[PDB]
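Just the one chain here, laid out as structure tokens, in the form deposited in one PDB entry.
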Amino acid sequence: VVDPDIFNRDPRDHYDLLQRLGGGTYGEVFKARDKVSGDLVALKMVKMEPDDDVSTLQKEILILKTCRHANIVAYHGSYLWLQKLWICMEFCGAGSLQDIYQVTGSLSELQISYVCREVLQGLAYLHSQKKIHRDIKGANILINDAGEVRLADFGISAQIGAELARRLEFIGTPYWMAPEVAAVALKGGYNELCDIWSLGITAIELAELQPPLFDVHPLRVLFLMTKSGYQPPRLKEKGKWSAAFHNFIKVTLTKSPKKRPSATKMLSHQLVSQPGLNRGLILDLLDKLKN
């Protein structure tokens, strides 16, 4: 079973499908309208045939149905019908920040500051549940028509959680195993502070339209990050950005996780605690998008 609370019902008994969303980047996703209330939702459809391995989807639904926070895209339930699984989600009408900056160009520092504050609020919540997103990036920060910010897509988190469960299942007799081997098997080898680093990279992405080293082969990037002398990335255009933004990048991109600030701590940083950060900043961005 993929989840004990799935609705065994055709979602089209409750919703009218209106438009495909995401260009396929996120799978088969449909804008849909509640037949009763008229509210809009996003329905993601995934194949779920009787013999398929459902462990990762099981974990993703378990994450979704235990999150309830304004800055996390809302989960409304899942439908299993004729071997298709539909996940019903809050609809974010402006798409992801990547969809937006590909049209508008780089965000303003204030716009990035608001986005970062809202994401950190979602992360603080997730981390208070001992959850890790593990895939923070512009493509997974969604914007609704009101200019509000929603973290989305726990697919990677689900894949990781499912992998940990499987390795635990087959870890075998432990009596000769070193503690660090057991720890990696039970806990994964890292912690939630990886999300803080990814948010730092995301801030550069919103500022420059590419993450650092985007034009370097991925395997080379992975190897470089493991060298003892690896240097955290920086914003390239020094004069475009305030000292507070440069420092925000410096502290989020602390390479030792034992020294990297938590989400709650980062929320006290000058860049994200300054006044004037509200959704009007993103409505400005969406107005630029419209022109």
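Think of the rigid core as the biggest set of C-alphas that the two forms share within 1.5 Å after superposition. Residue numbers count along the first chain shown, from 1. Compared with the form deposited in another entry:
Only one candidate in 274, 25, 268, 278 has its Cα displaced by 2 Å or more between the two forms after core superposition: 25. Residue displacement note: residue 246 has its CA displaced by under 2 Å between the two forms (rigid core superposed).
For residue 213, the Cα coordinates differ by under 2 angstroms between the two forms after the core has been superposed. The rigid-core alignment places the CA of residue 36 2 Å or more apart between the two forms.
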The other form holds:
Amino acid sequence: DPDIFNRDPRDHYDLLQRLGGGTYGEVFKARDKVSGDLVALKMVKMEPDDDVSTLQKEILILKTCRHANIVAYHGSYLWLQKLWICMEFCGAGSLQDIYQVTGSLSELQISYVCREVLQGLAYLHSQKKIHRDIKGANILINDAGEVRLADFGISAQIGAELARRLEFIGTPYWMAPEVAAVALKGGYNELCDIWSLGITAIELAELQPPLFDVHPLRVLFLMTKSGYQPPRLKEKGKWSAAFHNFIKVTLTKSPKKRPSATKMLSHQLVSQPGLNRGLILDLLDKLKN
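Given the form deposited in one PDB entry, corresponding form deposited in another entry:
Shown below: the chain alone.
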């Protein structure tokens, strides 16, 4: 990055506590020594012979995002083989941290979250970005009940490995169209995000994604099989017809048939009136007591 600070951020902030890990490195809650403003500081070990391409891609994605539903980016610091990414602190943490105390979210709470996640996804996809890691752990809630997408770690690793491999591609004139597709897009597109959101809606309703108790390799294997059935909500009478259909269209097995984020935004579940932050303020009141 060109605007990186060649100094230790602990000269400007005090590390209050560790917030978690993530795809790579760790996140600390930090306080600005002068202003008293809270920030999230993500620290990663940046060795002298390391590639650099992944961290460069991650800060590029964050730096070029200017949307309410994507975590704000403040700046980056490089010091003594440690890279620090300064981002917006989200007071209630992740939806996963929340539902683990609170229990399953209500349909209206899931609906506001889905609409906020879809707004962030429509923004990302419009500027040729893919999150690729949509899940409860990556959806953050600030004190105002606002929703922000975080952890572009998986996205950065893929973007870096795709650029790296595009150098060793060679001439394409003899390449089959499917070979061209894995070289340029990895063999899939941004609609993988729409499916992840559908799994996230179930995760929020049932406290775990479908097949959580099945071997990670076996779940991948079952998806590769013919006659693979997309997951569904367990408790049939707990949820409205709009919620069941939202799950049905987001979890369309074929990406050619799966709706885009913009189309999804006009779905009855996320288009309904009365979806606002107040629904999430009620969730946070339950977190506090």
